[PDB]
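Colleague: Chain residues, written in single-letter form:
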Amino acid sequence: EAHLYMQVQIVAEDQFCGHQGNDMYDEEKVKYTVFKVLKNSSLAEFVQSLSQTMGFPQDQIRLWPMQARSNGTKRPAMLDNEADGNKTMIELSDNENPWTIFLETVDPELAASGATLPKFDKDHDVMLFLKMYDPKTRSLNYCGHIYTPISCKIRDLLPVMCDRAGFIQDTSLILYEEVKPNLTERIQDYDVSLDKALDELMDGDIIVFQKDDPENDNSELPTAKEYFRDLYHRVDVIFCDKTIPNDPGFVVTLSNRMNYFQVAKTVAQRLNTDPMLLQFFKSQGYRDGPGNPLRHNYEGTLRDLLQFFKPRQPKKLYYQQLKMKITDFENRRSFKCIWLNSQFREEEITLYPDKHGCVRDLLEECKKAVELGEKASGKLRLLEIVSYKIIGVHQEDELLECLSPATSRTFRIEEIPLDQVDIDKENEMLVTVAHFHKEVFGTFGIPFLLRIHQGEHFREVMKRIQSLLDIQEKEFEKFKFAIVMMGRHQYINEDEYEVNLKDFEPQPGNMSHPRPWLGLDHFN
Amino acid sequence: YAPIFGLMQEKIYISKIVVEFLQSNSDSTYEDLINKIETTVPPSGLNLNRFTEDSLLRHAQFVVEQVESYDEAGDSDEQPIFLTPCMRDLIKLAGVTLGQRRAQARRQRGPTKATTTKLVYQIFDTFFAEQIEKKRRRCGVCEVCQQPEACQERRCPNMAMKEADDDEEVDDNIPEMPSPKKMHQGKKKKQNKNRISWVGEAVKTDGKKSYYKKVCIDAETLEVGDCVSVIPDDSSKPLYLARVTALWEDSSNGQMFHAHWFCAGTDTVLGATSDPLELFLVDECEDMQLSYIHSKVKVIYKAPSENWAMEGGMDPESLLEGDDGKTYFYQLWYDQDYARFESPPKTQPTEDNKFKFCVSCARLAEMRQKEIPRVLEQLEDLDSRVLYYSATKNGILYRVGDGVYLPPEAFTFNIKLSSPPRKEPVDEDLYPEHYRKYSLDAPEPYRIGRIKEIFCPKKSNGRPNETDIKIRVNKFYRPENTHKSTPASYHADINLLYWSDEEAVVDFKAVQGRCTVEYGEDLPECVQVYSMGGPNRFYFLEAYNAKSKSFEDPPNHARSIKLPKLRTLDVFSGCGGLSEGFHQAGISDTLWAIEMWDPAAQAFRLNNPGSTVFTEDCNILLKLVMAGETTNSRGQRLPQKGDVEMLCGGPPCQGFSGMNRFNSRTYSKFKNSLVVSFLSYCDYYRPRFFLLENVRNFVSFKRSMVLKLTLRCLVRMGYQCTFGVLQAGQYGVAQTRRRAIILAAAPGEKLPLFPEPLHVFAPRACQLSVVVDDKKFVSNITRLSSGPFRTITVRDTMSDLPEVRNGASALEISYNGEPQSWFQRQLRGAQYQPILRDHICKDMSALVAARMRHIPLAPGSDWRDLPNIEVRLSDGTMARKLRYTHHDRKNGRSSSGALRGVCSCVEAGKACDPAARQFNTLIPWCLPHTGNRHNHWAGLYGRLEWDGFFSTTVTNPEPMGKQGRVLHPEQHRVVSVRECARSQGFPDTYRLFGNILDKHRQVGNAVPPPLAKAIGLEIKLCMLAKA
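If you read the sequences in order, they're chains A and B.
If you want the authors' numbering, it's the 1-based position in the first sequence plus 559.
Count the second sequence with the authors' numbering and you get residues 495 to 602, 613 to 638, 649 to 663, 685 to 955, 959 to 977, 985 to 1105, 1134 to 1600, in order.
The following block holds chain A by itself, in its conformation from the complex:
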């Protein structure tokens, strides 16, 4: 017969002291006295049972059923012990369980002296709750409750309030009504009755008061209004690093009314880093994990970042620490290129320079990224290659935004070889060399620049070629060597040693149109 009982949770006034939040107390930080009670038991029987169990006379206690209001507050309401004493609790609660009730008793140290429970006229009396706001400590002090006639004037309660809060008498007080969270209304007229002063006056309403003192203007929350406002917007956010797997993160308390700059500064403070060295990620929010990245210029507030979390769920925010300032990190350009090492071998690399930078900065990143020659120059350069042909060299001052966005364009970075810096101008000539299978249109391989002397022993040039290529030896034999000019090609007899500059330069004074080049035929 468990379904015929209900938990009645009794809360005492000692739980009201110390509460720093809205209404009287925090629902979590409260000790109840739970009673398993028969639904058909009368109210009078339960009042007798309570008075006997906790050790007070039944006429020394008052029962204040805890009732929720339309505004979302939860305040004590009136129950008539005599008239309603015989009705069952299950009909009185209107199908509620657990049913919390405030139990108002006389102070046993003020009751041993002979005082008893004051009488209360339901029609003409009211129960006021009194709180004291201290701006210096920014805190609330529960100052008990009072019975007072509805028609009584506030001014007659002022001395009571003063000496009930420990104030010197005739102290000027600023009075507010806490209507609900985010609604604190100042009481402008002290000469009006409670009925007139408080619209829709009920039992359980809370009036907050503070000293009227210039010193209050030194506090960051001089009055209870801004205090209750800041409390309304405070929220605890759990920040987690996306790199650390299942990082539990750390919790910081902030205000919803906050932009990106303040959040970033705060997190940077609690992380001992520069705010610019942090990138933040909004949560996915149905699943737990990093979502859309946030830009540095985001003009939204904290509520927007947390809006798809339920108020019960822990509100998480992902982030990662950066090695570069957030602006340059958001302006980085994915730059895929090829790195040429000391061994003349191609490597695929991806660099992230700032979009508004020059070639120098790209080469500097690549230098930080790679290793240089054993004792080579230590200076790098940027080639632009399309269709396996070098179409240009980029000067280190060139802007990164003018670089050939086409997919056919390959950017190479390479160390200048030792044997091409200073050559003999009227003797040695640098010739462009490329491969091709069968005809000369189907070119392939890695083209290169090769030095050529004057009247020179062609098998020296082919052992130089071999020094570059360096494959197994006896596929070299199938190389067919030809001299190509404007599409025509004449093959060169390898053992005849026919070499002289005249067969490699264009017509007199000719640059603009293709210069003669050396062609190699083989199969890849």
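There could be a bad hint or two in this list.
[What the hints assert, rightly or not] Residues from chain B that keep clear of chain A, each with C-beta distances beyond 10 Å, as calculated:
{"#": "1", "residue": "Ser522"}
{"#": "2", "residue": "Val590"}
{"#": "3", "residue": "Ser714"}
{"#": "4", "residue": "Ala987"}
{"#": "5", "residue": "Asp1098"}
{"#": "6", "residue": "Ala1319"}
{"#": "7", "residue": "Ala1403"}
{"#": "8", "residue": "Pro1440"}
{"#": "9", "residue": "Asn1441"}
{"#": "10", "residue": "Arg1456"}
{"#": "11", "residue": "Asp1461"}
{"#": "12", "residue": "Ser1477"}
[Stated by the list, open to error] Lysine-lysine pairs mimicking DSSO-like chemistry, simulated, CA-CA at most 30 Å apart:
{"#": "13", "chain 1": "A", "residue 1": "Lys869", "chain 2": "B", "residue 2": "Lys1483"}
{"#": "14", "chain 1": "B", "residue 1": "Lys1454", "chain 2": "A", "residue 2": "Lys948"}
{"#": "15", "chain 1": "B", "residue 1": "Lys861", "chain 2": "B", "residue 2": "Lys622"}
I should point out that these hints are in silico values taken from the structure, not numbers from a laboratory.
Each residue gets a CB set at the ideal place from its N, CA and C atoms; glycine is no exception.
Keeping the supplied structure of chain A fixed, place chain B upon it in accordance with the hints.
Modeller: Positioned in the frame of chain A, the structure of chain B alone reads:
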């Protein structure tokens, strides 16, 4: 000579491609021609890479001569093949002269029939009698004009092109033609009758000079409610007809009576199309003496049948019984101002007004009482002003504490508001085309305020003055209007407002409407639900102070059914944007839809899982449901009579695209077009609601003939109709595209209104008026160049999309960014971890890619800012600079004295010089070639402004096409498929199908769902009213 032979082979091949493609269809646009050229596979024998736009531009002369030679041999009544719009645009770009040589070949499916029902067929055949009744002389300078024998071989192609332009241009878009005046306002002739006598006693004794009688004798018995013909003064107008709504004797004047006029069908928009025996009610009545009575005529109120939903498809001759067409008859109230056809008003006379009631008098009285701004309740009194608690105007009730609109000039802010260069003349060598650049704006939205009090000024006698009402308003600073200026409104919510403390005073007549302005914390739900809940809902979070230019918390004193969804048939849905808009309205569930095009059908299937889509012509299914079948050839269950509830769609107008007066061939095509089939569908199925949509020109097609005939057919059907045009951009879209809308309601329903504009827009594209038979028709829209919400700009449509380059084809990409604009927030959704889809733009030619890579990023920049620099290309070919070999008189020479002309045609009366052309040039040759004749082609190769809007609908973006600017503001790419869909307003979750071209076409064709929702809300307002 190998390159020349290869070029000749390319010319022959492109001529074959163009001629066969023109055989395939005669309605393709320039972009479709481009697509056909590039997609064509080059032959194996000839060594060439692929056809590009340069190939067509350089073989234009040969391809055009071949195209005209094909059509010059066999001449028929069919339109010649070189007047296809794409080919005409190609002529308009490249200066090709027509009519030379030709005849070089050396001696070398059905009209169909739409399945119209009997009544629709009857209406069309009925008007067919009147279509048979029946400047820009030949140029004389072309070779064709000079040839001896108008003659079929002497047809001037130039004059044909000019006539095509005249048929395309609107003739004419004059403002006025003032609004039509009152009918019967002229005097009427007095009739000499023998004897006039009352019968019986005075029925009603009002106590004044008026004594109401029943029966009058003018050699014939006349009673109240009978119909009388009248002969007015002969002013080329036919006899008038009116019902004697009241007969009474006046002690002051002679024998008096009130006549409520009818209106003939010819006097309405219907004109000649209307049945001569048909009439309509109208809100025009007047007092007159019975001496002007001519004779008695009998009319009958042809009420719709009680089984009107089941009358579709039956033979009209079976229902023609009886005594028809013999006498006059009326069925629909008519309002000429808005061109509205309604069911007759069901106003019921009171008992004291049985025998003097006039529906026209009652309507005029209620209208004049409605327009008068009248204050309602007194609240408090002062020595100078008297206070009131509420007021009303135009059928709307305002109270103290309601958000209120105000015209932009109503009041001014305390902020200083707007606080007020020239570049040096650029190098004519680097920039040889800058000189051609040179040598209204959308208003600020409605001011919004909150009433503090309503009061009136006491007169000299002390009595309150109710002629005017003065209203005190607390102003709501929009994010734009605060000191942070317009950039403060790039990110903020479209609703968002700021509370202030400054007070303004306005006249009550200035108030233009009520909007609910509310707090954002006292809201019982999240602000998103409040914003999407209903119209004109604005929410303010925190107050703004102007003196300190700061943001504070608002002062405390500033704080405060579902009908079943209709089964829907969507004819010619396309991708289903209309259906999605209707679903957003939550009034319609599409259960069936028709679409011939396969990708559109697949897109609708993906977007609408619970719907049936038929991939066949609508005529086949219509004939099938006439014949009584239930399953099609594929077994799909076709809907039967009574299943469909709302019928919506928009048909193409390709077969009758002209504007000139009707022709026998044009009508022979039009009678079996798709619009007649749509009307037959509406006839048979008898929907509750009927929506027709098309392009703006559809209003003035064939001199408004299509609109008039459709309206006549619908009126014969017994529906209630209205029509107008709507500017899509006014309803939350960054596009200018006017759309003509025809609304229809079943008998007994309520005719929907046209939705009021929401977003302020540029007045240059707000011309919603319509001209028909030299009469001006304006829809019921009451907002002109104003509204609550700001414009929707292209920045608030594409800003946060991740950067992609030309040729990008990654269907699935990360967003890599949170939404930044309100429109984007509404488009994305409430769940945030998607994969953004279809963010793909066309992969164009490398030369064009470099061209648009070199265009500057300054706003409005176009081809006129193109530098003449030799630049390398992706394929490895060479792009030579543009050489000026001639001099033009109209423009003069450069400041450096360099030549400005490009061809011999710059000199007056000089033929274009062959081999003087250039190609594969970074700056185009055709643009400087023909700038002067087409206003410098200003805007071509231009970039969309970050603050502007799309020029027009985008079906296939292309830099040199007629769709206006198609370039992304910053990235070197054209607008992508997702970007095009973002323009129309499609939600990001919406799915598409097919390749990139098909996706672009489906995005372009569909109605913007924000427009469809805007219509969808209005229809629901009528569904709710009935129940």
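Colleague: Each hint should be assessed against the structure and marked as holding or not.
Modeller: For each hint, the structure was consulted:
1. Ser522: Consistent with the label, B:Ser522 stays out of reach of chain A, its closest Cβ about 31 Å off (over 10 Å).
2. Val590: At about 33 Å from chain A, B:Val590 clears the 10 Å cut-off, so the statement holds.
3. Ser714: 47 Å, holds
4. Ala987: Given that every Cβ of chain A is farther than 10 Å from that of B:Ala987, nearest at about 24 Å, it holds.
5. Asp1098: 7 Å, violated
6. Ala1319: 44 Å, holds
7. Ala1403: 7 Å, violated
8. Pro1440: 13 Å, holds
9. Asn1441: 18 Å, holds
10. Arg1456: 18 Å, holds
11. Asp1461: The claim stands: B:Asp1461 keeps its Cβ more than 10 Å from every Cβ of chain A (closest is about 32 Å).
12. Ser1477: B:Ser1477 clear of chain A: closest Cβ-Cβ about 30 Å, beyond 10 Å.
13. A:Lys869 <-> B:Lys1483: Violated. A:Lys869 to B:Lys1483 sits at ~78 Å, over the 30 Å cutoff.
14. B:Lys1454 <-> A:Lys948: 24 Å, holds
15. B:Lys861 <-> B:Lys622: Holds: B:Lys861 and B:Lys622 sit about 21 Å apart, inside 30 Å.
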